[PDB]
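Student: Now for the letters of each chain:
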Amino acid sequence: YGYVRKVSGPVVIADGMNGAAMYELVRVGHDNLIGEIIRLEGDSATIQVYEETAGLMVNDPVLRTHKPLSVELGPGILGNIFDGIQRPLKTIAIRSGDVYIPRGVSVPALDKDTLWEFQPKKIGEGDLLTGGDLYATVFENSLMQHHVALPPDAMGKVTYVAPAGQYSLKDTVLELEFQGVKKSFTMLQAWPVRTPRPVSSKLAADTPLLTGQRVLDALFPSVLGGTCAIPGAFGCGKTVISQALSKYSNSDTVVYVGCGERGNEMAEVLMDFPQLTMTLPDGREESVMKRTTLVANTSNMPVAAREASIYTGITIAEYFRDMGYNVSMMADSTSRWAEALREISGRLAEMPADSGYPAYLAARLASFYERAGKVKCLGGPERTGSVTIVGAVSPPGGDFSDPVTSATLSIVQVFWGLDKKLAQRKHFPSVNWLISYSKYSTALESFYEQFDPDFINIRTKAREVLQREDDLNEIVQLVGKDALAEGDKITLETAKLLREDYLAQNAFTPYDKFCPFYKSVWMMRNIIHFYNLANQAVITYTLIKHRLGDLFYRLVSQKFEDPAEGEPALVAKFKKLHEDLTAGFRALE
Amino acid sequence: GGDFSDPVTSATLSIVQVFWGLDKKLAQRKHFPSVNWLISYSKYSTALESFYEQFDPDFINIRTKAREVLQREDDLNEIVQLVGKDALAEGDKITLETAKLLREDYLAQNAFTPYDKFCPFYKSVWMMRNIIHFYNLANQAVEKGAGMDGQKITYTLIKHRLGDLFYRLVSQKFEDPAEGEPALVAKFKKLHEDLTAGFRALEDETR
Amino acid sequence: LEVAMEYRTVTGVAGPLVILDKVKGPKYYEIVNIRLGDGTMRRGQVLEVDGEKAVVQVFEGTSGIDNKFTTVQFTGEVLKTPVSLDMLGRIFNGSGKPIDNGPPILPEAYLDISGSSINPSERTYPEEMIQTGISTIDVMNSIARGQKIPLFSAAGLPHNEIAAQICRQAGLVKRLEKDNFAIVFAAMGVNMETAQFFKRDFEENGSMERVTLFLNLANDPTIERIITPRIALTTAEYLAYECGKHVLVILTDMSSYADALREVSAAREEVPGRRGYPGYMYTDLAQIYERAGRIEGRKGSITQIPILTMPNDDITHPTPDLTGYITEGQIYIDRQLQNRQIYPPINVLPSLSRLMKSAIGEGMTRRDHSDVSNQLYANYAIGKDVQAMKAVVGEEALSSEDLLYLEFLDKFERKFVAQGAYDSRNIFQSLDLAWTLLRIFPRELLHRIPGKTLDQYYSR
Amino acid sequence: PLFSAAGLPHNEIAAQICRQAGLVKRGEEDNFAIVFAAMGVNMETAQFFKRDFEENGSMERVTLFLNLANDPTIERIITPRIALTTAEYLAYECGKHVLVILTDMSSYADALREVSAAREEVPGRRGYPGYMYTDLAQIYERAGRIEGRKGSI
Amino acid sequence: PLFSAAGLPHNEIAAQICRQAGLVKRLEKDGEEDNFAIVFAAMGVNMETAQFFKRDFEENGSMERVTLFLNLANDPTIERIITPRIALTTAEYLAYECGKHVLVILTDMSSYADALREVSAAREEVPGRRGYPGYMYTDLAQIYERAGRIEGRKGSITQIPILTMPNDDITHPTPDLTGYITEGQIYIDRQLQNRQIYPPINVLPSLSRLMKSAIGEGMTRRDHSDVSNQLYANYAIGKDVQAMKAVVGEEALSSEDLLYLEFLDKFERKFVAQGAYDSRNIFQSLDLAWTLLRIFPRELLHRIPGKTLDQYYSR
Amino acid sequence: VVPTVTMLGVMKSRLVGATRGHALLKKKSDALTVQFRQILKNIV
Amino acid sequence: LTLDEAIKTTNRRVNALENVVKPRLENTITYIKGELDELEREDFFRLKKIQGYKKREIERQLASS
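Residue numbers (the deposited numbering), protein chains in the order written: chain X, 21 to 558, 569 to 619; chain U, 417 to 623; chain Y, 15 to 192, 203 to 484; chain D, 164 to 189, 200 to 326; chain E, 164 to 192, 199 to 484; chain F, 9 to 52; chain S, 157 to 221.
Check the hints yourself; a few may be wrong.
Computed list of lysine-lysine pairs in DSSO-like fashion (alpha-carbon distance at most 27 Å, straight line) [unchecked claim]:
| # | chain 1 | residue 1 | chain 2 | residue 2 |
| --- | --- | --- | --- | --- |
| 1 | X | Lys-533 | X | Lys-516 |
| 2 | E | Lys-414 | U | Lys-539 |
| 3 | X | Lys-501 | X | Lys-516 |
| 4 | U | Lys-533 | U | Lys-589 |
| 5 | Y | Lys-408 | X | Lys-441 |
| 6 | X | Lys-190 | X | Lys-142 |
| 7 | F | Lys-34 | S | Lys-178 |
| 8 | U | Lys-516 | Y | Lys-323 |
| 9 | E | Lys-323 | E | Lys-192 |
| 10 | Y | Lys-36 | Y | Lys-192 |
| 11 | E | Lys-414 | F | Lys-49 |
| 12 | S | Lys-178 | Y | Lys-36 |
| 13 | X | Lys-459 | X | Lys-516 |
| 14 | Y | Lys-435 | U | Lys-481 |
| 15 | X | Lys-110 | X | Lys-396 |
| 16 | Y | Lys-408 | U | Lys-509 |
| 17 | U | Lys-533 | U | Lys-606 |
| 18 | Y | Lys-414 | S | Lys-204 |
| 19 | S | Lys-178 | U | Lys-440 |
| 20 | X | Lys-501 | X | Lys-533 |
| 21 | U | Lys-605 | U | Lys-589 |
| 22 | F | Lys-34 | X | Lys-446 |
| 23 | Y | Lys-192 | Y | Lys-408 |
| 24 | X | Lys-396 | X | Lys-509 |
| 25 | Y | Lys-36 | X | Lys-26 |
| 26 | U | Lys-501 | Y | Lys-414 |
| 27 | X | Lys-26 | Y | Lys-408 |
| 28 | Y | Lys-381 | Y | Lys-192 |
| 29 | U | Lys-568 | Y | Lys-414 |
| 30 | U | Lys-459 | U | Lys-539 |
| 31 | D | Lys-223 | D | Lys-269 |
| 32 | X | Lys-132 | X | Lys-26 |
| 33 | X | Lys-501 | F | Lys-35 |
| 34 | X | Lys-141 | X | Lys-396 |
| 35 | E | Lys-435 | U | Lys-441 |
| 36 | U | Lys-568 | Y | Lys-408 |
| 37 | U | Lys-516 | E | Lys-476 |
| 38 | F | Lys-49 | X | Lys-440 |
| 39 | F | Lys-34 | U | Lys-509 |
Hints listed in this document are in silico derivations from the structure and should not be mistaken for laboratory results.
Bound conformation, chain X alone:
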């Protein structure tokens, strides 16, 4: 019930919708075009339709949905591929057979006829349960067990519990009554993208995001449930860091979110993920897709879907965190999302602000980024998850002055700063140590000292060495290495060794594909301790340089060792090398 009255491009006016609500999604026309309500002036409505509105007919029916832009969560959310508006691309392609996306597809987000193995918890048929209680878990696939949380805003004494067995989402797995009225819940939960997910308490982040790369792990650490920023426009560093996060990061899940980038780039990345495979610490070999969800909205996709992809991804990440899993979101191109928002604002004729973006761009970006953090779960049993966002930025020409870049730098705690200059100089990590920073180091210092009380001092010494590296750089630039003192020469040599041996990774090489934090800490110790032990001896720089050739080779090889030997063997080898270097530095003095 409801018919269109005026169709001016994307904007659509439909009469007979007195009961419509603002921002309620609606189905327009026989083709089931999907659009969101904007203005409810009079008894009429106003809808902007995402897909092309060409060919609409006056008095074509309009069908309400009684729900805002929402995502159907539950089993089967992992692995698949979804559009910006939560449209399963893979199943759409299989059903329609052809390649083109049909104008008005109506495939449900998750297949409601597929069977998943279900088994309840030890709860009783007449017990009491509340919102967020974990009443069952499902083996969606191997090694990615999926907990079934009773939806929030739903509570009451238990009435029926489905016994363990094979079931589908259409089955009524749960039914309960709060008052005399009883409600039955399936395995599918719908939640609006704009509304965040209910939380019990925002904890303080207390565990680093071990990305497997030494430069990010030690120099500029990032904590679970913490924002991150990447100036990714070239050098494939964004692809490299995304692959590292998918394969080696501590997160139990990853939710890539791609909006408004080049279509072939998304093709390349979405073909790269299935090829990516990660080995289990127990020796098992798995596929990253078994723990990966992908929301990719190319430029050809409607602008509104491009804007909504980010919120869809963050809501998916929050739902994953609802069962205490550590999940990491990855916004492919926030600049593209901002451009989509700008286009939408221009469609709405909103008053332009700085550089043309709407005045709420900073506010909306902050609202999105504020959802990341380590959070106590809702409902029992007690557990705690985390959501960390590693959303990248694409400043125009590298000038960190655009409002998107400025707002992101103002909100994001940790900025890693990939540099194209290092990429030109053949640097695999490509992380510019001169601009990167980790504002969460003060909070992470508790764990840093618990693991090793000397590690934080080593990090401070390394930061001082990096600061003096540029000083020695202009010193050599203006007068040369001749004017450098023995201590200055030792400091410069140690800085160069740190840059070319530990601060840089080798990625492609099997020995340096993954850098454990243990190996990173031992390498940092074997570098800094040797640097000091050589420093206080000032001894002729040439003499120590000649007599430390074996020590220099050991320091260089302190990163060539493969992780095959494991932590106990590599730690012992690094300790022996450090002791030998200390003996050589002290005895020869």
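Given the coordinates of chain X, assemble chains U, Y, D, E, F and S onto it according to the supplied hints.
Tutor: Below, chains U, Y, D, E, F and S without anything else, positioned relative to chain X:
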């Protein structure tokens, strides 16, 4: 006074085939025809190939050489604005001399006197050929390097001991068209012969 | 089976628009034919509809229309262009009506323009190279079947000559690796004189069985200039994914297309967007471009080389800066090189392809492609720097290597880049020329070249 | 005010000033009561403020008006109004001197810009509302000493 | 139109022109009809400026000749959009239908553009550049194109509408349109005023389309065009030389550079400057210009032809 | 200076030219410094 | 002596000239986009408001009849 971003200007340049872009800077310097030769263009240069070939089968090459000379001079004007003509070599110096001669002789025209009231195509092409031939011969001479100096020494040699040809070149604009083509053509052919005598007589004693 | 009603209720004419009075159940983007009082015929498109109202944008202008003698006969359609396999080898007007003195197309299908987007799951990374015959493109800025590479130009620069050369010389590199190559050629808002150039080039090309020249003049109605690239993209999509044929598309002066979209948007009383261009221009250009790509389920592909004019000879203009993000490359035409009388004035050093690595490989093209490309890049840069230094150091103090780089720069500018307008060059002989230029330096001097390649080719 | 770009320790300076605030003493009942407005602060900054204020032991004389970035943008405009009204009541109508603190005034400016752009009002420089001077006056132009009363803001 | 900015003495030089304007033909020119019968129309003028003009006209003995239509700033704004039209109608009647040469001084045309802006805004019309009405060009054409000699009558109308750029620019719509329409542009530069030269007229931006018609051997020295075109070129090239020497140092300059700098100094000091009550005969002005030119050698005088050089390079 | 699109283009061109000239002057200064170091070594 | 002169010129260009020009470019960009572009939208927005008011008044007058 307004850049090409003007909507009328952009619309015209999106359609117009030949742009005689006059520059206000040339108007300040009182260069009266005032066409800026860096920003102007003519997309008809390809269709006129037959007419240029039949009139003079070597005009295209001399025109391209003149364009290259003008572009090179405009390019190193910025460098001179920083360092100065001290580092200018023989080739650069001769290129700038030829560019200045082309700018003040060829590209100017009074139009208030019979010298420049109406320049027929033959007179213009003869001026262009004379200037380009002088440039090419001078470049070849300074590249010869005879007399153990050559180079800018040979440039000064041709600008001092051979400067009468230079003055006749810079005054060639005054060939009165009323004298008729058979007379002006003979005069320019004689000037070309005298120019060929130079840079060969100058090379006789090896500078 | 329904004969569309021919309403005669014109109740307002203004500019290009005519507002009908009491149309019963219109369609938003319907297409309507107008029979004026004098009997002449005009075709118009339907813009925003309302209660019984329908604003119609009329082609060919609106002169002579009167509110009591003009009939507006609807159709109930959305401009399904006629598409067939025999559409190749013929020149078409802006709206699709053939102008090659031939018959109208007998269609194998009526595909609606502005086709539905490709499922991103079904895309596949582009592979293999597409030979263009221009050395600067196929050596240092290689092109792969499936890219969307702009050709940024400016007013006065010979963009159309490069367009014609690409249209003629385009071919498949895989000739030596061991004919399904079609070139949908679209030209939007060309000058009145370049129309003769395009007609001549496509009337004596020698490979007419490949090209299809959709042509839209400047004085043709604007809405034709909007529809022309969409018609071309639809025909290319059909010939690629519905006929299994590799397809290349050249869009000429999409800045004119942007201006046409600006003209249409203003007529609908919409507020102008940033810098005058409508805000939806990003969506429009993304819609035009993203139709390319390689489909896993089909053996065909679409590769775009859209030619864009950058006003004021700068990239800050909204159209080039906007298309920079969508695409993955930039092949600039430099004004100074045109002044230097190098016929292809492509500034190779500024130019780059964001995914030129896919075209370079072993199976496709030749093994030494990446090495020679990088060596040429680096040596050109060095030569430019050395020329700049010689402008200020007097050139007497330059070392031997400085003179080597100077002569290499001169040779590269005057023998490699300056390809003739008709000197078709296969990639193999283009690389042979590159090696000819490279071999001047000592074998040990080419630092960027990896081992086992110098020994193979440096011996000539 | 304190002029300090993003990322600078101005929050730490504000916390130190508030915790160490006191008269010249050259009295405790009329001593400095601090009204601490917080317009558009991050959650981590909010927890830091709460913990730092609870640690100094001066909770007995400090009021926090916290407004996170999650809260609605219009609700941020009334936070300084409420803070200054409570300060006015404490100082003029009760006597004790009040040391009003508002963090991230640029967040308040952004809230004003968003609200004005919503209603499509006449824009000043940088798209800000043309009455921003008057609003910043109605916020700032309350500090001072009134003759008949011993308070001070 | 005299282009000026706020604070520059455009009113003073306008009064000087009013007091000094006269015929030149063979230096021969009662002349009551030759008397220019100045019609002065002031729009949006500070009362001090009106008093100044009144006193100057009274003192110069022209009180029986000049005519003043005043629209002071405190006076209603709308009357500023009628005052110049009234002045031009009065000038037309005094010249064409009465045979008197007439001179008109419209003052502060920007104060007329402001009235146009106010009227257009009050009507909710579509704005143009900087919010000015889209038809400001038509109004400015209507207000300027009402001057010029007419074949059938012995009269004439010559107007000097002074203009005030808002932020001392030219891209502003009002000075831009005035430059488009009017056949001239006299530029008064802030740089010259900062250097304390009473006539700050920058001779390089200046332009007169009908300059080639007024001059000539029949009414001026034969070298006038040459002299002007050479001084302009030397001043422009010398300014470029000074700009170069500002960065390369006074030492790096060549002999020609030093000659150009000396020419600039003596041109801006001895030539441009003139007394606030002292005129200069056109032949005296040409003599001064020739003294300025003769700094350079005969070779450097490229624009001047040898025929005029022989009669003037020595004098 | 008065702000305009042409003025913006002129300022951008001036900045680009200044950067190029600065690079050229830095190269010249480096060469002169190398020559001076060689002369000092020869004198020593 | 030559190196001192060249170094002085280079340092002056790096410090004074470029850092003088770049603020000028930023101010020119801000003056155009920050003001003229904003005003153009505001002018057109007010015009559209005037048109909407006229249409609403016409509709109300017709309904009152």
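Student: Would you mind marking each hint as holding or not holding in the structure?
Tutor: We went through each hint and held it up to the structure:
no., hint, in the structure
1, X:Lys-533 with X:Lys-516, "holds, 22 Å"
2, E:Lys-414 with U:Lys-539, "violated, 40 Å"
3, X:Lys-501 with X:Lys-516, "holds, 13 Å"
4, U:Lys-533 with U:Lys-589, "holds, 11 Å"
5, Y:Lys-408 with X:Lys-441, "holds, 20 Å"
6, X:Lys-190 with X:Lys-142, "holds, 23 Å"
7, F:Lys-34 with S:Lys-178, "holds, 20 Å"
8, U:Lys-516 with Y:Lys-323, "violated, 61 Å"
9, E:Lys-323 with E:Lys-192, "holds, 16 Å"
10, Y:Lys-36 with Y:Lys-192, "violated, 66 Å"
11, E:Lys-414 with F:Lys-49, "violated, 36 Å"
12, S:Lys-178 with Y:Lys-36, "violated, 60 Å"
13, X:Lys-459 with X:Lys-516, "holds, 25 Å"
14, Y:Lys-435 with U:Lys-481, "holds, 17 Å"
15, X:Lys-110 with X:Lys-396, "violated, 34 Å"
16, Y:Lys-408 with U:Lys-509, "holds, 20 Å"
17, U:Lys-533 with U:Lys-606, "holds, 24 Å"
18, Y:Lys-414 with S:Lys-204, "violated, 61 Å"
19, S:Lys-178 with U:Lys-440, "holds, 26 Å"
20, X:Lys-501 with X:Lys-533, "violated, 35 Å"
21, U:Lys-605 with U:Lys-589, "holds, 14 Å"
22, F:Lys-34 with X:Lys-446, "holds, 26 Å"
23, Y:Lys-192 with Y:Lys-408, "violated, 40 Å"
24, X:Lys-396 with X:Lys-509, "violated, 51 Å"
25, Y:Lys-36 with X:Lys-26, "holds, 14 Å"
26, U:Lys-501 with Y:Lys-414, "holds, 13 Å"
27, X:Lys-26 with Y:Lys-408, "violated, 61 Å"
28, Y:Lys-381 with Y:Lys-192, "holds, 22 Å"
29, U:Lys-568 with Y:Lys-414, "holds, 15 Å"
30, U:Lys-459 with U:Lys-539, "holds, 24 Å"
31, D:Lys-223 with D:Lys-269, "holds, 23 Å"
32, X:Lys-132 with X:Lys-26, "violated, 36 Å"
33, X:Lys-501 with F:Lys-35, "holds, 20 Å"
34, X:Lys-141 with X:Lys-396, "holds, 21 Å"
35, E:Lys-435 with U:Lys-441, "holds, 23 Å"
36, U:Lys-568 with Y:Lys-408, "holds, 24 Å"
37, U:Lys-516 with E:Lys-476, "holds, 24 Å"
38, F:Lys-49 with X:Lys-440, "violated, 39 Å"
39, F:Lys-34 with U:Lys-509, "holds, 24 Å"
Hints 2, 8, 10, 11, 12, 15, 18, 20, 23, 24, 27, 32, 38, counting from the list given before, are not met by this structure.
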